[PDB]
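Peer 1: Now for the letters of each chain:
There are 2 protein chains.
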Amino acid sequence: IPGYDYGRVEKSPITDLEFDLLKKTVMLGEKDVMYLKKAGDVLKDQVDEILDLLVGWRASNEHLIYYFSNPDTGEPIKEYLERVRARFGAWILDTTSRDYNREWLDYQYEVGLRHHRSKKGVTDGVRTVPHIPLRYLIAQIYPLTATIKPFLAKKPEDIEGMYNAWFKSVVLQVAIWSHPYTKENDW
Amino acid sequence: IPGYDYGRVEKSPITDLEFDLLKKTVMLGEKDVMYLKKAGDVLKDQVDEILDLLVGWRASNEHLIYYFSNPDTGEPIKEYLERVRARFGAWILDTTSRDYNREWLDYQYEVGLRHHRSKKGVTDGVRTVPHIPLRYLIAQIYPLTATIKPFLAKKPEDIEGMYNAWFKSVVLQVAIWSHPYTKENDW
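Line by line, the protein sequences give chains A and B. In terms of the deposited numbering, the first sequence is residues 6 to 160, 164 to 195. In terms of the deposited numbering, the second sequence is residues 6 to 160, 164 to 195.
Don't take each hint at face value.
Remember, identical chains collapse to one label, so a pair may be satisfied in a single copy or spanning two.
In silico DSSO-like links for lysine-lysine, alpha-carbon gap of 30 angstroms or less [what the hints assert, rightly or not]:
id, residue 1, residue 2
1, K154, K83
2, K124, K83
3, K191, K43
4, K154, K29
5, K191, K49
6, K159, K125
7, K160, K191
8, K124, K160
9, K36, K124
10, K160, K125
11, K83, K29
12, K159, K49
13, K191, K159
14, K28, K83
15, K154, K16
I should point out that these hints are in silico values taken from the structure, not numbers from a laboratory.
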């Protein structure tokens with residue numbers, strides 16, 4: 006998966022304790038860590054069927070596809086959409102299967118930088134919209150949590169446990185992603 | 006309710022369209038407006054049992070009480086916790102019953118400034134922790150969304169509709185709150 010740099014990212018300027026307290030604010034506990042790995046066993050094979058709702062040339066993508074497009078021409082960039090689709094398709098399983106350690110925290114900071122003007126488009130060598138407004142990143146917290154709920158419904165509390173933990177993770181990384189957008193001592 | 010200024014706040018530096026498309030990014034539609042206004046009939050009488058979960062002199066909030074406390078002594082301020090609890094009790098019904106128009110958006114921007122160092126503690130004349138880090142504001146999206154689900158039970165899809173719409177409201181409220189925190193051109 007080109008551009009996918011899980012395990013090759015630099016040390017995010019967020020301390021492990023600060024990260025530990027973010028997972029606590031979102032109430033991400035051992036029960037959720039288990040439920041996440043349970044959703045990973047549930048969603049590993051439906052990844053492509055999840056993706057067709059979220060990103061791709063044959064998926065859908067709402068008006069947010071503009072940030073997948075050339076800003077001068079408003080032209081959706083296909084390989085931009087294809088390479089992010091693959092990276093995003095792997096992130097679904099990384100959100101469920103990977104341990105939320107420093108290497109996870111550092112990669113989430115990577116994903117946050119890739120939405121920021123600090124690195125957007127650089128991963129794919131694409132000339133695109135330079136920066137995604139933080140308001141939409143936070144606004145995206147809901148749809149990208151609610152889309153997964155029908156998927157974990159395969160084979164109550166299991167579907168609620170897997171749902172809440174993903175909800176917790178979808179919040180948690182965006183809370184990390186805010187730091188590049190946020191003023192120095194404001195994050 | 007002292008300091009409660011819904012309808013008395015200044016114009017947020019967010020345009021109506023920017024707000025209107027923020028409401029779409031969170032997918033808050035007329036069906037949610039109904040479920041929200043339906044949730045108001047569900048939550049109007051359980052406010053005290055919700056408030057005691059989230060804010061109060063007899064409510065617990067982990068390290069979140071620190072931001073309700075004096076920074077020099079770490080001592081929770083009673084008048085701070087009671088005056089915000091009342092305002093929070095009104096926001097529960099404002100989240101459900103009030104129309105999400107400009108007058109609504111401006112007060113949400115007010116609540117965000119009251120978490121920011123721009124206005125925190127000023128509303129209540131209290132000397133407190135000057136600023137709440139945005140990372141916890143976003144992290145708080147989950148707990149303050151997930152607590153409402155058990156209350157919305159009495160008076164499936166109805167409680168799912170009210171819950172998702174509440175989730176949508178908690179997210180959309182935080183995205184506006186980020187603007188005072190977010191760097192100039194990053195929100």
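Peer 1: Now, for every hint given, state plainly whether the structure supports it.
Peer 2: These are the hints, each one checked on the structure:
no., hint, result
1, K154 - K83, "within (28 angstroms within a copy, 40 angstroms between copies)"
2, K124 - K83, "within (19 angstroms within a copy, 45 angstroms between copies)"
3, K191 - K43, "neither (37 angstroms within a copy, 38 angstroms between copies)"
4, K154 - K29, "both (22 angstroms within a copy, 20 angstroms between copies)"
5, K191 - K49, "neither (37 angstroms within a copy, 37 angstroms between copies)"
6, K159 - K125, "neither (35 angstroms within a copy, 46 angstroms between copies)"
7, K160 - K191, "neither (43 angstroms within a copy, 44 angstroms between copies)"
8, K124 - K160, "neither (37 angstroms within a copy, 49 angstroms between copies)"
9, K36 - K124, "neither (34 angstroms within a copy, 38 angstroms between copies)"
10, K160 - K125, "neither (36 angstroms within a copy, 47 angstroms between copies)"
11, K83 - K29, "between (38 angstroms within a copy, 24 angstroms between copies)"
12, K159 - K49, "within (12 angstroms within a copy, 36 angstroms between copies)"
13, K191 - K159, "neither (43 angstroms within a copy, 42 angstroms between copies)"
14, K28 - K83, "between (35 angstroms within a copy, 28 angstroms between copies)"
15, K154 - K16, "neither (32 angstroms within a copy, 37 angstroms between copies)"
Hint violations for this structure: numbers 3, 5, 6, 7, 8, 9, 10, 13 and 15, all remaining hints satisfied.
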